[PDB]
Amino acid sequence: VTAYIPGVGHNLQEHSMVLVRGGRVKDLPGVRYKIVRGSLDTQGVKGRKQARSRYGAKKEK
Amino acid sequence: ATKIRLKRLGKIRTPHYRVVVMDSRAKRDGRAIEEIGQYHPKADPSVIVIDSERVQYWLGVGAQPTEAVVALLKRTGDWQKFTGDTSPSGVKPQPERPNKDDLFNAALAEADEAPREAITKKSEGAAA
Amino acid sequence: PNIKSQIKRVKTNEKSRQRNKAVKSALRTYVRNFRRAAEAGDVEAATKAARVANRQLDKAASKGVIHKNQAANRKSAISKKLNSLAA
Amino acid sequence: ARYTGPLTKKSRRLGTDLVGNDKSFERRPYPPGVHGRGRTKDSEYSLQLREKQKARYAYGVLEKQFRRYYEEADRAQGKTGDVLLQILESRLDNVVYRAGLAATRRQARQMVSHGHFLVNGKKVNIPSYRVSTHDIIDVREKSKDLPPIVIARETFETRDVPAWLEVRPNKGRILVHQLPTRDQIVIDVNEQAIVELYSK
RNA sequence: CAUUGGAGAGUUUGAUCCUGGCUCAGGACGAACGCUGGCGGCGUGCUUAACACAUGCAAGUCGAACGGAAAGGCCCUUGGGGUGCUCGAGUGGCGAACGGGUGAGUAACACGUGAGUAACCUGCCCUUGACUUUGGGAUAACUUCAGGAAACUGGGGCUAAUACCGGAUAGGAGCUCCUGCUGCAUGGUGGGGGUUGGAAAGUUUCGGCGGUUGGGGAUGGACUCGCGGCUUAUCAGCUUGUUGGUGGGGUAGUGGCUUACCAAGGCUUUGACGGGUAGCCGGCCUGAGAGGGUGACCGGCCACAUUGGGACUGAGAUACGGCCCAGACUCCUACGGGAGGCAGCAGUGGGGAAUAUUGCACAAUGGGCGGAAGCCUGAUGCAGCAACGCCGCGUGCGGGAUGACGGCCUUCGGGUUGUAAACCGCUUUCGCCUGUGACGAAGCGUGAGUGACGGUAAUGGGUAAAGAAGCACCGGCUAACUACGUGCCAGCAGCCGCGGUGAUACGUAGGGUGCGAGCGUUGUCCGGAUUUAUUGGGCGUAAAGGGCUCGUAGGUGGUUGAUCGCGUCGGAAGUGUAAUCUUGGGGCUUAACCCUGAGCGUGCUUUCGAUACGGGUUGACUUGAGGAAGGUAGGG
RNA sequence: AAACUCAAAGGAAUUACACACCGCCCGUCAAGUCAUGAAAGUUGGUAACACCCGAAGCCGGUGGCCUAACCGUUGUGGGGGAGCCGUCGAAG
Ligand SMILES: [Mg+2]
Ligand SMILES: [Mg+2]
Ligand SMILES: [Mg+2]
Ligand SMILES: [Mg+2]
Ligand SMILES: [Mg+2]
Ligand SMILES: [Mg+2]
Ligand SMILES: [Mg+2]
Ligand SMILES: [Mg+2]
Ligand SMILES: [Mg+2]
Ligand SMILES: [Mg+2]
Ligand SMILES: [Mg+2]
Ligand SMILES: [Mg+2]
Ligand SMILES: [Mg+2]
Ligand SMILES: [Mg+2]
Ligand SMILES: [Mg+2]
Ligand SMILES: [Mg+2]
Ligand SMILES: [Mg+2]
Ligand SMILES: [Mg+2]
Ligand SMILES: [Mg+2]
Ligand SMILES: [Mg+2]
Ligand SMILES: [Mg+2]
Ligand SMILES: [Mg+2]
Ligand SMILES: [Mg+2]
Ligand SMILES: [Mg+2]
Ligand SMILES: [Mg+2]
Ligand SMILES: [Mg+2]
Ligand SMILES: [Mg+2]
Ligand SMILES: [Mg+2]
Ligand SMILES: [Mg+2]
Ligand SMILES: [Mg+2]
Ligand SMILES: [Mg+2]
Ligand SMILES: [Mg+2]
Ligand SMILES: [Mg+2]
Ligand SMILES: [Mg+2]
Ligand SMILES: [Mg+2]
Ligand SMILES: [Mg+2]
Ligand SMILES: [Mg+2]
Ligand SMILES: [Mg+2]
Ligand SMILES: [Mg+2]
Ligand SMILES: [Mg+2]
Ligand SMILES: [Mg+2]
Ligand SMILES: [Mg+2]
Ligand SMILES: [Mg+2]
Ligand SMILES: [Mg+2]
Ligand SMILES: [Mg+2]
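Protein chains in written order, with the deposited numbering: chain L, 63 to 123; chain P, 2 to 129; chain T, 2 to 88; chain D, 2 to 201.
Worth double-checking, as some hints may not be accurate.
Derived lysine-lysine pairs resembling BS3-like cross-links, with alpha carbons at most 27 Å apart [stated by the list, open to error]:
(1) P/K101 x D/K42
(2) P/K101 x D/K143
(3) D/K42 x D/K80
(4) D/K201 x P/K123
(5) P/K43 x D/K123
(6) D/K10 x L/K111
(7) T/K25 x T/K9
(8) P/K12 x D/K11
(9) D/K143 x P/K123
(10) D/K201 x D/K42
(11) P/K123 x D/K42
(12) D/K123 x P/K101
(13) T/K22 x T/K9
These aren't lab readings, by the way, just hints derived from the structure by calculation.
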């Protein structure tokens, strides 16, 4: 299936192990799943400071 | 064989037993032919309620008590009515008695030394 | 087997099987003897065979090789056949 | 599991004095923050939620326990708001506050959780202990000379004790005549609005 | 002769109303993930691979049945006394069919509920009536020999019993004949007679403990039956031991259960047969209710134990830790042949988004054996692990304007963070340190003694305001707004939509809001959805009247007499275990949780009433309907 | 029917259009993407059927071989057992 990759920033590439959750992207026909940031190979969005948990960004001291 | 035994109930570290009648093959906490009494040992002078008529009927029909139930029947006097033996038959002592309304009426009126030890604690803050 | 109780049990089960099989085969032989006497139509031979077979059925029921109800059923069949032969 | 932040901010947001008087609530007509003076729409949810939050921050009760109180009141027979306010008043910290041995409900919670109190002979350090009728709350004998206790003993005469409690101030003894009625709880929220809120 | 209970919002248009779908606010979970994480109480924890399993343990016990003496133990010049307790191995008894696990199979009398067995069996236990008589032959152990790598196997000799086998004696066991009272057809039962028969065991420390057989009781099981709960007609025919009959056989027992013979049945559009899925239920979640979803823990029933089949032993067997055969696997082998089955507990690999310790104790309760002391118990009681759920508590409390700095905003006035801080005075729950220290045991043990949990809970003292706050959101629904950056880019979104240079919608910051040891996201279910409408909808034009009629099953029925009492209604009895749930009391410091009384258990069976209505039976009436006679219109 | 796709489609009415006739709107063809049908064939799976063979086992026979208890006319017989055959029978 096709999965959206949310957040500004992206590292995952060919043969990268990912966790895929539900979630529709309305302005994208045929995309019904999203990739969970911060799990398996995909990593959290770099410069997050708000809604960090939804993008897998660890809290910064 | 049909047994008169204890069925465990309650919380962890807080057992309450049901003196029940079931056959040996049945699991401990399972369906019982009849519930005869209850036994709360966690409480002070353990509570021991045994239905005398039913326990006499089951003893006379041939149910075999477990040692615990034998102790309870000794305390309730049923183990003497059936299989007559010289035993003290120490019918349960009551687990004492508190009250609330009498204490409230006693203190509402207590007044005196209530506010009196009260101005004594006034002198205490002075001492404080 | 993995339990020494169970090894003891398989040994005793074999022993009891030998005993029970012998008794049941004897019962079958006696009943067959009575049936062949009845088919031959003799009266004295059928009577003697019926007595023997009924006694042995009761003996086996007492020994526990067969149930008392099974012994009673087979005895009833034998006695009814003998009565029909006499009539 | 306990609100430790400022209470004047909550009182200003809710528009009413949650506790006390003659304080920074001279800035009352507007909630805290940069956007305080603007005109408000105030939907029905807004209104209801305001009443519920007023009760919650007045009594120092969080949402799960307040909800539990709501189902208990709803199950109970009689007016749901009356029963809910009765429960919240039957809380032990509120009992100490109403009897006047504490300056505020937060101070009452402090002393109760620290165990300076006896309930009819038995020590209780649970602020949410629901006091029953004909109960006798007593100050712990070791802690009969606390500074907050002596301040309350100096000030209680000004404070008004409700009809459902009898207090032996100097003795530290709160006799519960009966569990209070709606006419006895001071009217400062809309329990009917709270009940309507918990139905959407 | 009143109720405890029902909320919407956005979106079709230029605008409107209706219809209508979509989306959202709620609740929930055996959940997972992200960020974060202090404690305690009570629960819960492989939902996927019924996938393959290393290792330990999970079923033994009895010397008061027996020969005995391989250990320990007493008495003796090292062996010797089996001598006493004790005691491996062996016979013998009982248990091993329970407890524990799993949900693969099963759409079926499997389960729920209620009945029937005049078609049933039931060890141990209770009760009652008779008895416990007389003989005999072996054998394991041991000993010797042979074979085998092993597993072990086969001879010779020898030995005891409550092991095994003759006999006698015993009804309510077979057959048969009278006779009393009777049922529901087969029949049940009381009494008498004839005839043929069926048992047993001894042992002891003399306190015991046992044996056989009738009859009842209790307990447990078995079968049969009425009713009830999935989907599919793009499955229409199914069946030949199939349906019934008679004789025999078999079984605890009825029965095509089996067999021979005879007959041609049996089931099905009210859905047989076939396909799909599934263990069922008490319950759980949701809901105003009616319903809808579900079958984790706990409890009841069923099924299964490597796959398939089979019997044996037994009172009792899907025989989990039994046996036999076959298949697939793993292991040992000297190549001849052997051994094994974690869906027991813990654990490993594997699969997976995902689920724990190779723990302690038999102290308590329950179970097995023993006369008993006692032994066994991965049942159970506990502890470990995980915010997985629920509940409770803490991270401070009072005072403090001079409204301080600093951030952020600004109209450069100030505003805001904010009594917030600073500062002052207090308190010590939890954590940390230290002391005291249980209940559970009215148990057990002849006594002495005896708590796994456990120095645990609880509690005294001490420390410092300290060791203890995060997460989501802020355009509308929806509680909460501004600045800066970006410029249809980066991105956001559940829907409407936002971003094209003034973005309250992206990113950050200040401020705020909702929650809080949690907070969000995802998945799934119910709600909202009256959006399958029985409660509770509709079909002229919005989706929806068959093209039309005839007519089969079915549904439905004008007035009235009589009667039945099936529906319906009202009592009574039985049942609906417990837990859950509602509610009254009580206990845990409160709560969660736990105990206890009641209700509920919405039904079913039995029985007694009522007869208005529905229906059955039966009889009337003519108004509905049809017919006769006469009249009569018409591109039928 | 289903996959898939849209967040409308629609009814009546007001002033098939409302960006308002320089409106709206239909279908081939060309390009890309997604889901689906047909298809010589090809590759699996499940549930059975008819035959052949048929282990264990129970049952039914047979048993010349082996047999301590029973009976003997004490040369044995009775009864049993190994073995063997037959039906059924998993698997193949
Ligand atoms: Mg023979
Ligand atoms: Mg017969
Ligand atoms: Mg339109
Ligand atoms: Mg619009
Ligand atoms: Mg031994
Ligand atoms: Mg079971
Ligand atoms: Mg289950
Ligand atoms: Mg014997
Ligand atoms: Mg049915
Ligand atoms: Mg027949
Ligand atoms: Mg299944
Ligand atoms: Mg169901
Ligand atoms: Mg279960
Ligand atoms: Mg048997
Ligand atoms: Mg077994
Ligand atoms: Mg079992
Ligand atoms: Mg096993
Ligand atoms: Mg396991
Ligand atoms: Mg994995
Ligand atoms: Mg015990
Ligand atoms: Mg004992
Ligand atoms: Mg053991
Ligand atoms: Mg708002
Ligand atoms: Mg900007
Ligand atoms: Mg509905
Ligand atoms: Mg929905
Ligand atoms: Mg409609
Ligand atoms: Mg109509
Ligand atoms: Mg239409
Ligand atoms: Mg028409
Ligand atoms: Mg047609
Ligand atoms: Mg008709
Ligand atoms: Mg009518
Ligand atoms: Mg009438
Ligand atoms: Mg209850
Ligand atoms: Mg209480
Ligand atoms: Mg119940
Ligand atoms: Mg009628
Ligand atoms: Mg005419
Ligand atoms: Mg195709
Ligand atoms: Mg064959
Ligand atoms: Mg044979
Ligand atoms: Mg012979
Ligand atoms: Mg054969
Ligand atoms: Mg086959």
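TODO: Kindly indicate which numbered hints from before are broken by the structure, ordering the numbers from low to high.
DONE: Of the numbered hints given earlier, those the structure breaks are 1, 3, 4, 8, 11, listed in rising order.
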